[PDB]
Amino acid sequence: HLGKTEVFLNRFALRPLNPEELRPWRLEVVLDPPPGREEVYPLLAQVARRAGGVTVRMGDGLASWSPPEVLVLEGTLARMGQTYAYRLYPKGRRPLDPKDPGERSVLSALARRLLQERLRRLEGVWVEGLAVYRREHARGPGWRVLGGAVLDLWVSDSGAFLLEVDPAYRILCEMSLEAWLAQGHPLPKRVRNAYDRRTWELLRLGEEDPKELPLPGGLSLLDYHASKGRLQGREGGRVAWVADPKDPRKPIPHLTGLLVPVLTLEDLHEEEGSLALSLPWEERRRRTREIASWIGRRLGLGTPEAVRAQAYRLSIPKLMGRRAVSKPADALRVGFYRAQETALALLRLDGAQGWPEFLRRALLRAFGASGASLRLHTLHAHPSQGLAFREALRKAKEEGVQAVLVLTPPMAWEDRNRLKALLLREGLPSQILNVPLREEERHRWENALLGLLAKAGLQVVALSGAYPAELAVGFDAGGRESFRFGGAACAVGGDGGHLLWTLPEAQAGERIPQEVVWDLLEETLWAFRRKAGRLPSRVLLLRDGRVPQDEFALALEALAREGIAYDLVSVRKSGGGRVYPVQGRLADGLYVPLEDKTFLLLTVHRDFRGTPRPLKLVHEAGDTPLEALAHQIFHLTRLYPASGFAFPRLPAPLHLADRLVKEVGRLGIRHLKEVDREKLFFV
């Protein structure tokens, strides 16, 4: 490292727990009927809530900061239709030691419920769970935006309250769908009932009368809702054709008077105005302090003391094209890290002629600097020819074309997806560049160029340094359906001079089956074997999010058997809180060790962006020092080739894995058979 510094977390030390709070009441829970296996925990949480006071689940029972006599000790629960009778039996009170982890966990849950409960009786603040919104940040015709904070409250091992505070905004609609449309506002993309929290997707807006509309049951829309007594205080307006978010293939009648639009930033782009909800970190730190003080004051918890942590500045990563670069885009001028002779094709959908002179010039320039030969083909064919177009594609692929650039006006989602999938089935990855295009838009088309090159299989940049792991692979799950795709991507070589993806697998949920984890890993090992002519001495395993229990067990045992060292790191995009400099400036490359095997990592930060959200990492397995892992992950973040001016927050293999399973989730996996693993089709 090149310097240890000091930072604030967005945490605050408050008053010590009083001697009553350290000795909570213990209660035994008795349910009739006794719940089933899968009901016990939700029922325990529910009874902890029905009890009242400040009580939480403790093991099979309850812990409370309220004595039992001021609790609702007897009552009834409803759960999925079934009714349960409950009674709570006082079992004395037992001291909890903050020095001990589990007991501290109980004290912390109690603290959280404390925060919730005291927030509940504030006036007149908009409270939503653990969020509190005081000020009004912005208003408008039928809409307003509130400003406040998301909060949390737990217990330190020294026995004091720790308050986490992070400024937050909240968008609220005040008028119904009918009233909303009565202001010249366009149709919102989403909407919810007024009687419950269920939401819909708003499509058309029919003109059929609600008192003469055949509802799948006999009665009409209008008196169907009137029977439920929904439009008594309300008033049904027009007919709105909504659709289920999980079943959009079945339009449904509804009443504009019984709907309330759910407002997003693209429902307020009309007003434009300003609505910048990102905060400069100085302002966010200020708001954090102010809010922390307010909360500590109104809740009788004392004056906040901003907590401090020792941070370490990490070595600057050394990015390489043919020469050293500061950004991946500079490889276009200097040359790529590695380049074979390549053949790119051009597909024009704007009816215009061949290659734009400046794109051609830039490509020739970059390949000249790389000392590699270039072939610019032009696709003289159009998708509206039908299968003949596919024939054209096949001929292009046979002549050595590796990827094609598609110049087109903005395409609709479906047409974009369909075109890319089609090109994929003929083994051709595609880069789209939108066709109102001027040479002055160099960021857009240099990035398009970079993506194009990554898709042809080139490595535009690489890292220079000594790293513990010679192979780094990321795992993620993606897809917007009942099922998901679990996928892996990798950087092979200490330099990261080879980026590969592997064929994903369909899976029920977020957890990736052990066999699948291993198989993807074996594919990446095989990539390494094929490039280096040996097995890697050490691999860095990067999981997006939490690592489900034993998910990597089989793969880790397999690695052990082959004599390959490993590190498993959980990389969490949220839950890391915030970090602020005690000193002057806030820079990235920041490494903040907290617990053992778990640390924070500020990978990316631009001042014109808001406040950075540091990654939270847990070293789940392996014996590599935290500092080395942080070092390599931080540098790997700089290895991504398809973003020429801004580095991703995630290490390249995870970013890649993510875009891979996202794209497979969109297009489907059926198109990927003839696409080379070296070609990053999904960037």
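Numbering follows the first chain given and starts at 1. Definition used throughout: the rigid core is the maximal C-alpha set that superposes within 1.5 Å between two forms. What changes on going to the form deposited in another entry:
Looking at CA displacements between these two forms with the core superposed, a shift of 2 Å or more is confined, among 519, 117, 446, 510, to 510. The Cα shift for residue 488 between these two forms, taken after rigid core superposition, is 2 angstroms or larger. Superposition of the core reveals a Cα shift of 2 Å or more for residue 103 between these two forms. After superposition on the rigid core, the Cα of residue 207 moves by 2 Å or more between these two forms.
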The other form holds:
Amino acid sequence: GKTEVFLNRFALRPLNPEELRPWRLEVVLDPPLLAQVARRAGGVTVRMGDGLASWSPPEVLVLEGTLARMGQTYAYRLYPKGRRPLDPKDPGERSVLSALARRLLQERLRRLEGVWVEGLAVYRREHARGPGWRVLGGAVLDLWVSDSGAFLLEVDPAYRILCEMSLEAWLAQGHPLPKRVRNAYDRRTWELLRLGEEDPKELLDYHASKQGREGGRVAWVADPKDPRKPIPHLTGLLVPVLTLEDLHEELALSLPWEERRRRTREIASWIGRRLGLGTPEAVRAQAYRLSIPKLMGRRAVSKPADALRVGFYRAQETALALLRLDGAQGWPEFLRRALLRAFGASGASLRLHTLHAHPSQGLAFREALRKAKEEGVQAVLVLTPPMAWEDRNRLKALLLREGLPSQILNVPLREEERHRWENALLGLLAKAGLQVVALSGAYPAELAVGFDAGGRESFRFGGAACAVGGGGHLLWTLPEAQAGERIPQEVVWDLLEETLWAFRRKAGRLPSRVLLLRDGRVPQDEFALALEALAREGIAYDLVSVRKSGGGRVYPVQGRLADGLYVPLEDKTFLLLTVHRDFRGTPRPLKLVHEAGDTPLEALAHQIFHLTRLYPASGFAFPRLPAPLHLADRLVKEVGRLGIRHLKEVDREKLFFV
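Would you mind generating the form deposited in another entry now that we have the form deposited in one PDB entry?
Just this one chain is shown here; partners and other molecules are left out.
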């Protein structure tokens, strides 16, 4: 039923009339970098349309300045247009007010002494120390304006790892080379390629032209935007960029959620008394607990790994093949036993084959693969020592082009490493097309499909989709080959159309209703063609955007933090807390936006949350994302890693990419 939660935000005082009335100042430039203008001007000023809004009186601005861009040196002329009223109810204007709030926060953060400040992040406490380093604790902050015209503070605890000696001093105590390194004078970062026994003056002079320190040896360095282009530097003016890997052999960085909540409140009070905008009042929200998904193997299960003993939801006659690259022979006995018990419990036929070929055999290897595929082999288990990334990708692509999905399982391998080999097996079986689990129950949409553009800003460079359809039949869709830039709407519609075609092949008809799930980056209009095409077909739909970041945090007011929390926010938007584990820090709720359709938010949250328990290749922990998006994510990744273009030998129920 109902529960109440805290968000990690805090209400502060309403804006006063002076703040609701920013100083307007239009700008003239010959012939975008309006932000640069706002910065050069100084004070609390942001872009407003093609002009500037500021909460600072003109007495402190630098109107006449010299903006120095990176392409064209432009002319800085700003002119006072009086004061302009903004309505917090109006999105654009409220966005202006919020940008002003943000600038305010940044300015007052900058005027603090004794703390490490990085943008809108402050780090006050010391949490752990070197040996040449320290870890500070603090929070990432944000400050904006509500619809009701009041300040809103966001706070989220975070640690920062800082080196306090030079690269020279760091390497002088024995430590290895960090993969990255930052200037001592500014925030710029480089990729440390190597060291150089070259002399300084035979380069040094360049830095000589610009302190209270001494320089060391030569460092080969690189700009991220050109990784193959080496450029010389001085170890004295360099500071290592330290990661967890650099401090591996020396710091507990995950917070129990009660502790995160505590630090959130305290840091909020602290910045609160630095801000002078009132007493931060934590905002509360009504949350709803969603019903628990009923996962089904042959019988009820609590996790997909249980299907290995209870039996699969839907099994068929299966042939699997073993490829060994460690020098030994035959199926390890406990693997055979587990597979046989699983298929036994499912009442299905199992055949275990052994591939007698080695990738070193070139065309003979491909031929033996083709022959295994002819004899009915659906997937291959590769027992191998840890492969180099390049070799992994080569071997996988090679098996795939002959129509054989592959599951890698690393040796040495012991029967007691049950989680590892059981997950390998679940992956193998999904790759063979088996349906290991499904949801039992009624859902409004009988087809749910997730779209992924590789995190990119558009589908114009392609993408992929995966779907769950009607029990839990899982399938993947790639776009057919053009390797060029396409019209994004047509890529999206083509992925969906192919998914509909598979559904129709299986059911003798189109679905009555589909649930379309997408990421948070591409513009919503990239889906317009697909939506209209569903409408022309009389198919109903909902489009829901699912954002992995930006959901903030959610805490219970009282009692324990539990999964399956649905938290409605502003009008078509809600938070969904899908997964949580106490040993796993604090959850990051998904932020979802209902973009099209008329299904109530509650029923959408219910289905999406339930799709989260469907992933067949994780035996013991549920994914945060609903399975179609999680799947699509992994699919685009593997398409990128293997170079796949015209897959034709692989059934769409074979989840080769998990």
